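One chain is shown next in structure tokens, namely the form solved without this ligand.
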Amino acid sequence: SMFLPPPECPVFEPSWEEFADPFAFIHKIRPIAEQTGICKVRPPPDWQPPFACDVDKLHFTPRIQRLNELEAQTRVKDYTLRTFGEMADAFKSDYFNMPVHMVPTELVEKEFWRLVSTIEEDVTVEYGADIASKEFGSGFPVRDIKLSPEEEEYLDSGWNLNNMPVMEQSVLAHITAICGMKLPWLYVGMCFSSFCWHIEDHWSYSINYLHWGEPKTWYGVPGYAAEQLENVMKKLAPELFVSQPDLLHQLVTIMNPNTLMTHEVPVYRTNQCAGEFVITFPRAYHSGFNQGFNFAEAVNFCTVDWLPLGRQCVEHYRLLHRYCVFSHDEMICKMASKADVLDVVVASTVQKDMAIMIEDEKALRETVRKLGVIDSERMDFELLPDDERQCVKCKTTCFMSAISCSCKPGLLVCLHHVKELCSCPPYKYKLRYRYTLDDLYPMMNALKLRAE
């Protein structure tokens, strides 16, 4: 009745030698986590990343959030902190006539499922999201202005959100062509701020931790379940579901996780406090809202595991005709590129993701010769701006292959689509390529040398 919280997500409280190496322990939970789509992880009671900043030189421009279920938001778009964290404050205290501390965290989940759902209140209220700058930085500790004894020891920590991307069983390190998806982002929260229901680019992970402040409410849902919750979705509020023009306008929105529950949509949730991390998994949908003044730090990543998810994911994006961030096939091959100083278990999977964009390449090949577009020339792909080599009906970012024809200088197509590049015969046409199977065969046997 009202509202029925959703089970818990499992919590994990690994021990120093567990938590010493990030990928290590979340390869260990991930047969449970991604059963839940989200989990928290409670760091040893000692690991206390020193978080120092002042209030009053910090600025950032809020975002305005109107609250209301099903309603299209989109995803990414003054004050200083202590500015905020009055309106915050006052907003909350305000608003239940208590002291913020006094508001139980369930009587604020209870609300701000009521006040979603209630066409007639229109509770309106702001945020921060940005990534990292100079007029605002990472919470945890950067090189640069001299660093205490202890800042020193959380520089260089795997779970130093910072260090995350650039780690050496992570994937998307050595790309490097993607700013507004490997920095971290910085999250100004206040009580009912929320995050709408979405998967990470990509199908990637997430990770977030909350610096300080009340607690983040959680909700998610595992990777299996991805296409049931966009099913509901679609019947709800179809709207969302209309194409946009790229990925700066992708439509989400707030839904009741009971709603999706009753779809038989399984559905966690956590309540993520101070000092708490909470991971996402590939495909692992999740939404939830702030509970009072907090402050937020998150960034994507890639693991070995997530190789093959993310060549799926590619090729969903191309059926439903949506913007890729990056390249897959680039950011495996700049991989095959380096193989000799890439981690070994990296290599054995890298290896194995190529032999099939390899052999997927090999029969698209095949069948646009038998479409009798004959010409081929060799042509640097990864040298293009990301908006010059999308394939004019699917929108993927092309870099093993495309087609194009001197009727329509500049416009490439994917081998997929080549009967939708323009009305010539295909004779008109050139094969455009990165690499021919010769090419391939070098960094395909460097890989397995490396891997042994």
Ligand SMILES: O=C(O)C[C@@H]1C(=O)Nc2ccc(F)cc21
The other form holds:
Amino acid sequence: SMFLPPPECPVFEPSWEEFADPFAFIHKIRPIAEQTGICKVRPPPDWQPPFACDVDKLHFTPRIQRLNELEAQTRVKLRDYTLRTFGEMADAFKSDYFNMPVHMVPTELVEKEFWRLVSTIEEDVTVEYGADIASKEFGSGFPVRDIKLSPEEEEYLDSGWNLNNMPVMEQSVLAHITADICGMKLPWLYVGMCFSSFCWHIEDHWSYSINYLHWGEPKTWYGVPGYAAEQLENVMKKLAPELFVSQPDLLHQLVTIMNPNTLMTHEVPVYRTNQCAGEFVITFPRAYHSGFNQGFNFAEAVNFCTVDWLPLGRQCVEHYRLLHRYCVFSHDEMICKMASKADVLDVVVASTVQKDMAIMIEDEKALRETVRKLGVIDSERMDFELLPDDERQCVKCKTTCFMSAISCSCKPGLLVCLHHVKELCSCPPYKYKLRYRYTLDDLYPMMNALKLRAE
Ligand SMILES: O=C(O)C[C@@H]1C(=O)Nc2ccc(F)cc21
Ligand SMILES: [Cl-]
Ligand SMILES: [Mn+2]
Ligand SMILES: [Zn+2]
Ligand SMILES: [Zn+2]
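The structure above corresponds to the form solved without this ligand; please give the structure of the form deposited with this ligand bound next.
Below, the chain from earlier opens the complete complex, with every other chain and molecule after it.
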């Protein structure tokens, strides 16, 4: 009645042996956790990274948030509180809201009340929160190299579960991306307060994410398995269509608060958890999630991409094209960069990249045959990776070009991808040029190097 908590998501308590390698561990739990979209991970009892900060010296710009179900909110893009003054505001807010010690309010009650207040139009509750990547003003909650570190800190510098490391690690396919994608490869820092909330979303390029709660009151999560992503979006579009009006940029993606009971009513499977200090939440590819903080806290989260994700990554970019949605990076560029580094690639990585590359090459072969039959005859090699991203998006579908594109002297600087040859200009196709990064004869040896490395 009124609010029925979703069933609990899986919770894992790995031994230190199981825990040591996060990528091995994530791969192990995948058959279970991809069915629920999110899962929780409790590290071994003595895995205890040191949390130490001067609350008077850490400062950040607060963002403001109204809390209305189905109301459009904008995805965060990369006034002032110190961590102390924010904490004081946060604690007083919760304490005053409930007239209870800021810290004796049941999680069940805060959850019940959250879903009441967002549904009630008469209530006009606004809260504040922090969200940004690490900076000199507010750095990672994990140890980073710089300052003389304690031995305790040195211990956790190179941990696989130190989220600063997760990007640059071997089994992380986003590592070799030479592109500047700060928003994606770097951890985000999240100072929370009671009710401050993250709207339903999936990660860019359907990547994984992992979220660590450094300290404070719990974070309440709702998660949906990747297999039900389109079900959820259909429910969303029926109840909040304005969210789906085509977004002009990557800086105007619209998201919203929605009661999980509403999804469950529409046969969307939803799972929940309360993440407490010292615990991880992991989200799987295309797994929708949302949630809110129980009180003053501090979390850190990062995207990552395992070899498992590679085929989904390709599918995601296809899906972005259909939606005319901007890409954070070129998937094909990433694949070719790894192929060009085949000799230093992890061997399982090499094997999986090889498979995606084969698909890429066969798709590219067919697209080029199609545009040749449309009367495009001239061609010239073009180093797409040198162009700023906004200078190599398809005019029509906004995909980031890399393997090839069509240009015309008529429309200087404009490009279309090979799916949209007819969308560039009114000139006849013999005026067009196929701009390509690699010939098919360049590509097969690159793929062969991967095969040799994979043995
Ligand atoms: O990992 C998460 O998605 C949750 C994370 C979080 O703790 N707060 C917040 C705010 C906006 C976001 F887009 C994402 C988040
Ligand atoms: Cl409200
Ligand atoms: Mn997320
Ligand atoms: Zn296109
Ligand atoms: Zn033209």
